[PDB]
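Here we start with a single chain on its own, the form deposited in one PDB entry, put down as structure tokens.
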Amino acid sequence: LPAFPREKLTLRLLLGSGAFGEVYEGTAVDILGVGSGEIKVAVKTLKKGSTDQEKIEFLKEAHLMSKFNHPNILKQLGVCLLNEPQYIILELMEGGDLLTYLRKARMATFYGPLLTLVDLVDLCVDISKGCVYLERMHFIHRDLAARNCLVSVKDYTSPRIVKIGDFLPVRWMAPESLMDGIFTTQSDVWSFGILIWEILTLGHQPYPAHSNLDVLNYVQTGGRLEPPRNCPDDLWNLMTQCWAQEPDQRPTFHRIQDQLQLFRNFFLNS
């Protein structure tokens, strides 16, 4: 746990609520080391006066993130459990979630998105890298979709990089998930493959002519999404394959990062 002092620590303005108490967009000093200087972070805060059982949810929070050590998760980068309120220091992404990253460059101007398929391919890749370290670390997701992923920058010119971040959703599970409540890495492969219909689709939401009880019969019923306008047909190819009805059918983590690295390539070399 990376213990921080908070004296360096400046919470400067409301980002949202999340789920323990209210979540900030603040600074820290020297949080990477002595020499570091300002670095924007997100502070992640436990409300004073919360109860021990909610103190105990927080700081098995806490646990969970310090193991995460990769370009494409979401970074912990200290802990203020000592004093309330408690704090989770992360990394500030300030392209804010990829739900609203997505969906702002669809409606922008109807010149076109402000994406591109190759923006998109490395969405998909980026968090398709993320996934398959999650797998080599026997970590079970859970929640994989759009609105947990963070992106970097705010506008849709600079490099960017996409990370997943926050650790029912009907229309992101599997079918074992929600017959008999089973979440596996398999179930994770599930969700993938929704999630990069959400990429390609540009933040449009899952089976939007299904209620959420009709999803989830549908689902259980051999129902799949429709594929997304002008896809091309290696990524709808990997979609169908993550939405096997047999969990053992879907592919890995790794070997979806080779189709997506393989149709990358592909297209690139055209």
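Between two forms, the rigid core is the largest collection of C-alphas that superpose within 1.5 Å. Numbering follows the first chain given and starts at 1. First, how it differs from the form deposited in another entry.
- Core-based superposition between the two forms leaves all of 241, 201, 27, 50 but one with CA shifts under 2 Å; the exception is 50.
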Second form
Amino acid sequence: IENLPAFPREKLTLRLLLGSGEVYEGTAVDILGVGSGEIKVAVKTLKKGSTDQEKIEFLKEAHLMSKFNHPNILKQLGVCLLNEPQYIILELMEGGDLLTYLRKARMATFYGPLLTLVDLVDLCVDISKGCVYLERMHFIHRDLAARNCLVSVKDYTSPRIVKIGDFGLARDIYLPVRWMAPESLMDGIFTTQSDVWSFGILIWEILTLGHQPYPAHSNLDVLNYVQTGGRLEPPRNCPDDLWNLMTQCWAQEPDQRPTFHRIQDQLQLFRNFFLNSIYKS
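Swap state to the form deposited in another entry from the form deposited in one PDB entry:
What follows is just the one chain, with no partners and no other molecules.
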């Protein structure tokens, strides 16, 4: 019998509003144990006065993430459901969403990016470990994208971890046109193989520090371009092993796309290779 982690509302304390749906920073007395103390959390709230299909999506999400336990999957820590507004209590990720974290890194100083190739590869490895998990659990995400991942620290010096964070469109399988495989766009079909297509777009976002896919193309024009068999341009000075990986993720045919195990393999092998190459210089 599926139990959501009921958390005592009076033990929760909201504070800072983050954005819009409605996200607050806050603290929660003892979620992570008895001597847990007042740990910091994020809080997702469902409207007082929202659509009932919003409440249904709200609950379905809450239930979906109850299922997960993985380092690269955002923890849902508690819920406050017996009163409105309902609260979803999530571990706090102080870096905000991946996409913002990347763009700030790019734009801080033209001395250069605050994230190096090795930082960026570790991001890719992290998210890939999470997709391998989702697949092992027979879930398809259907909306992989940096805007949907979260970074654990705000700064660019401290050890960081990225997690897949928003599962509003995930489904059990046991616009955003720029991220969607061509099948998904023509036929409305989604699979774990279309998840690989969007992941390839994702690591392209990471390696360009949060650039817009197909900058040359309006939303309407995008499907035209992909139709052409056209694809993204390589990120500037992208390592050839990584470009090969992405390109393979966007094979026009779904069964020629690599698997997430393979994708994680590729990423760690490259990382190994690159690390070794520097140390024996």
